[PDB]
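Reading through the structure tokens given below for one structure.
As you look at this complex, bear in mind that one protein chain is not there, while each of the others sits in place.
By written order: A and B. Residues from 1 in each chain.
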Amino acid sequence: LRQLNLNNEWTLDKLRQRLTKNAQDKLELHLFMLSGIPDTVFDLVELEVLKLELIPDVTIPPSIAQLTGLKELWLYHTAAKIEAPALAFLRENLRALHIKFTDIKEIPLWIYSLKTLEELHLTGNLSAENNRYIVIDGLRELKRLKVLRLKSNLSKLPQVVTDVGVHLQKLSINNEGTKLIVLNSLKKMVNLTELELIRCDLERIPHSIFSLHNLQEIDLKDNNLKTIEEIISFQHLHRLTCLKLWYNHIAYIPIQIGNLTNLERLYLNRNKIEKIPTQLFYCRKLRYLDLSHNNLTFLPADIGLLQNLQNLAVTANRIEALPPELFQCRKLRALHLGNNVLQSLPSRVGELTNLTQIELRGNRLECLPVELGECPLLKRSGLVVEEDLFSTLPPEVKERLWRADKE
Amino acid sequence: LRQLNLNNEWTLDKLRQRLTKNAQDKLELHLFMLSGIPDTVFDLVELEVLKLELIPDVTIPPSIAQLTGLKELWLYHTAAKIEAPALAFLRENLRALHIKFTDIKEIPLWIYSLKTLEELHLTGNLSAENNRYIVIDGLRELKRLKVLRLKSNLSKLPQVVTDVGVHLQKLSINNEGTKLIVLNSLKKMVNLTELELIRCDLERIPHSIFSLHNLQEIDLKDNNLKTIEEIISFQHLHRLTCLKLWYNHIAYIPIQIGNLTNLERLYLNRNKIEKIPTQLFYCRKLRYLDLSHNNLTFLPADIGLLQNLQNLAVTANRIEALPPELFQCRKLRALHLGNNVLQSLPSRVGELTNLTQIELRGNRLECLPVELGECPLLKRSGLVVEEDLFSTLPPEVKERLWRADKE
Partner (left out) sequence: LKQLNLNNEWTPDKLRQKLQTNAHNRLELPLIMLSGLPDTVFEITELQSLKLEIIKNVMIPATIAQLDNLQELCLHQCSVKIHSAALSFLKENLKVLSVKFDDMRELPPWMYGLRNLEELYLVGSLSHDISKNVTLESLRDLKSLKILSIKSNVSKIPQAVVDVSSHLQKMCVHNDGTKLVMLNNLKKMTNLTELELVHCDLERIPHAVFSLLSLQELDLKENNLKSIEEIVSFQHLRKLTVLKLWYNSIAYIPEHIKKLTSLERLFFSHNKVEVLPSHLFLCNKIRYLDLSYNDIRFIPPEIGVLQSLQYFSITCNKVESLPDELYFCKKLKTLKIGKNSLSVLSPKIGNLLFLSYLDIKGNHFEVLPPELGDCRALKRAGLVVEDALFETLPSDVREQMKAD
């Protein structure tokens, strides 16, 4: 009766108004804390990502044949039983499955039978006595798996991912404070383009990343990296373009980062770096130089050489004066200067054209110069600043910026 | 009473609302999960593809004789019962018939008396214990059959299939990760003009393929081919117009494959090809080409030799520029060059007025050249250009682009 009633109450139009969109611009539906799953949800055709959160012991009806645009099944603490025609349909249609569970028995055993699945997000402890990676020993049946997110407190990386990683292209491992004994086991895992070791408390960069060659996006967030001196060997990685060495204990940058000419985004924010060596400023390909929440006191003039820089975020630093050479780079799109100790912003910012959002609120800025209104694409939403600082601009220039807010 | 309720529930107007069209541009009517078949759905003479997916207790009255365009019967998981007058009507109008079945349980029995249909599809495991391809032995009365497509995970090649296929034109075999033991038994299959082997995981080209002089299309998609050393024996054939070795791991394509002049369409995308040789492009009438998701580091010389082409797929490789090699081609219409490290578009691509599409989903272009403003034929909907990249064109050029989008 309750399942039938849930099918009855959850009408089609209220589901249509319940539809949302995700970060991937796919139609979305979050089912949170229901007795079962409505059949009118399964009657939908435009839905792309359905989100099953806290659904106790439901069975998937075969009416999922109507859910043709369904590609991402999101399973949060949901013990799901499956019908055979719906199992075949999900085998031939479903391509992204995220599994969060509190018990290792909560993960469905039919996820191994899926063949069109490429993205898996196993968040929750896979490491248990006699169930340590033996439950997921069935991901050998998975063939096209390319994204394998593991927020699972893994003490040591599984041998099963060493077996699978020939075809794996992304390995996001979050242990939330447990160190990996990598043992250079990623050599058999040759097809990775992205590696996101987040909150692993590694305290040092392992040599498995160095043995690999195909990586282009390396994230070592919150690994407690006190020293990053190994990066001299990173010239071996000819394809890396995003070295996200943020949220670590990095206090300095070795000069061998100048050998890394292939970097495009260098996310060093929320670190303890106090001085930028000029060798880091050799890399012409840097586009997103985020050094926010750090100990930088001055900005070198060689930043004018970095012509491809777009978003220079030095938020909450000790930079007192911006050099004029900072405005030599004309591609600055988002100058995040907030929470700094900038005494005065030079008028050379009027030469910049790509600037769309500049952050000056929270600074020692005495007054806003008139030339700040010379940027065409800048608007009030982009120009976030204190109201009295906004009032320093001429009412005709203020009219121009208020019009950019309006028009 | 049940049929009366179904007739009232599914009115003629409701069916017209559900009237869709398939890939063959034929009128489809997806009837799924109904307790009974309707009569108004047979009242509509416009229907061409009668779809019956998972509809139990099916007993088709002679009002199916009311259908005029009925040449397709997609009966999936459907046990169809048809009277003699309606069966005789099917014996003069029905042409194509797709069956989805769970072994013998959902296989119709009236299909053998049908002798005037021309197409047929099958799907469902057939190699059962003590019943090795014994359930498909009744397809001998079908003389006008021309198209037979199979996806039945065959562990071995059925001898009944070899006996049946005498009057066959198109045959596609899908094993979804199972070995296909041809064992040189396809030499009898002389009448085959298209042979598709999708996911046969062969890792070797069977020697029976080299005996058929009617095959224009050879398809070996997802066969996990690494070293193609059997194309030397393909020199005996003089009918293959398009090889399909895509979604494989072919590290390199040997020299001898440049001796096939009759080849007109190369689908080799998502492979392991590192450098494609110039000698391979001695065949210059490669109208269609698929080489995306590969490891090409530069576009080689004898692309300049190519003249009788219409597209090249260069998506996701390591090519930096459009060289004069692609610029000696004067008939390209679609460029699949997205998410690449393509540094720039040189000038002569602005002479390519007959440019249906470009693909630039993440490419590293500095800016679109003004020579692209030389072609008003390419419209904003016609080409796929990033918004930040598209806006760099002159305001007159951008206004003309939006105008031609309206015009």
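Just so it is clear, contacts are C-beta pairs under 8 Å (C-beta built on N, C-alpha and C of every residue); 3 or more make two chains touch, one makes a residue touch a chain.
S.K.: Touch as defined at the start, partner being the missing chain; which of A:25, A:129 or A:396 qualifies?
M.R.: Of these options, the touching residue for the absent chain is A:396.
S.K.: Which residue among A:26, A:265 or A:361 touches the omitted chain?
M.R.: Selected residue, touching the omitted chain: A:361.
S.K.: Could you list which residues of subunit A touch the chain missing from the display?
M.R.: Looking at subunit A, the ones touching the missing chain are residues 30, 32, 338-339, 347, 359, 361-362, 367, 369-371, 373-374, 384, 386, 394-397, 400.
In this text, only the chains that are shown with their structure count from here on.
S.K.: When the C-alpha atoms of subunit A and subunit B are each averaged to a single point, how far apart are the two points in Å?
M.R.: 36
S.K.: Over in the complex, which subunit B residues touch subunit A? Could you list them?
M.R.: Within the complex, subunit B contacts subunit A at residues 32-33, 53-54, 77, 176-177.
S.K.: Once bound in the complex, which stretches of subunit A touch subunit B?
M.R.: The touching residues are 62-63, 65-66, 85, 115, 143.
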